[PDB]
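Enquirer: Okay, here's what each chain looks like letter by letter:
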Amino acid sequence: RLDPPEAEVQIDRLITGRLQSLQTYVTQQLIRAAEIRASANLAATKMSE
Amino acid sequence: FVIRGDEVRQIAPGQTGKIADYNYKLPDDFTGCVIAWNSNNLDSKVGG
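Chains B and C, in that order, give the protein sequences.
Read in order, the letters of the first sequence are residues 983 to 1031 in the entry's author numbering.
Read in order, the letters of the second sequence are residues 400 to 447 in the entry's author numbering.
Just chain B, with the same shape it has in the complex:
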């Protein structure tokens, strides 16, 4: 529907939005992985002891 210039502008907007979404997802995954690692360390200690 658009030509190079404005198409590039709109695509840049979309790229920024989707990159922000990916970064948010990855940060959430990192925090959840920290929680799960704490739980797994507790589980390993419980098994051993």
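Since the hints were made in silico from the structure, they are not lab data.
Do not take every clue at face value.
Cβ pair distances, simulated, as ranges [to be verified]: (1) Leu-996/B - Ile-418/C: 31 to 39 Å; (2) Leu-441/C - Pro-987/B: 33 to 41 Å; (3) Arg-1000/B - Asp-427/C: 45 to 53 Å.
If you want the ones that stay clear, here's a sample from chain C, every Cβ over 12 Å from chain B, calculated [to be verified]: (4) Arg-403; (5) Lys-417; (6) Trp-436; (7) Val-445.
Even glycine gets a Cβ: it sits at the ideal position worked out from N, Cα and C.
We have chain B already, so just place chain C on it with the hints.
Expert: Frame of chain B; chain C shown alone:
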């Protein structure tokens, strides 16, 4: 070169039009200056 007086703006980068699409196209990321001025009395002939 020489072109139509009203089509001078058509020479801007990333533009659309007959001139830009057919005979002289500038890149979207063109880096430079464009200078244009009327040359009616020097180019146009009384007989055409």
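Enquirer: Take the hints in turn and mark each one as holding or not.
Expert: Each hint, compared with the structure:
The supplied range of 31 to 39 Å is met by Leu-996/B and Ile-418/C, whose beta-carbon atoms lie about 32 Å from each other. Separation of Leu-441/C from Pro-987/B is about 35 Å and conforms to the stated range, judged on CB atoms against 33 to 41 Å. Here the CB-CB span from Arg-1000/B to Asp-427/C is close to 23 Å, at odds with the stated 45 to 53 Å. Look at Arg-403/C: its CB is around 22 Å from the nearest CB on chain B, clear of 12 Å, so calling it non-interface holds up.
Non-interface call for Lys-417/C relative to chain B: holds, since the shortest CB-CB distance, roughly 15 Å, exceeds 12 Å. With a least CB separation of 27 Å from chain B, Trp-436/C remains clear of the 12 Å interface cut-off, as annotated. The Cβ of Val-445/C sits about 41 Å from the closest Cβ of chain B, beyond the 12 Å cut-off, so the non-interface label holds.
Of the numbered hints given earlier, the model fails hint 3 alone.
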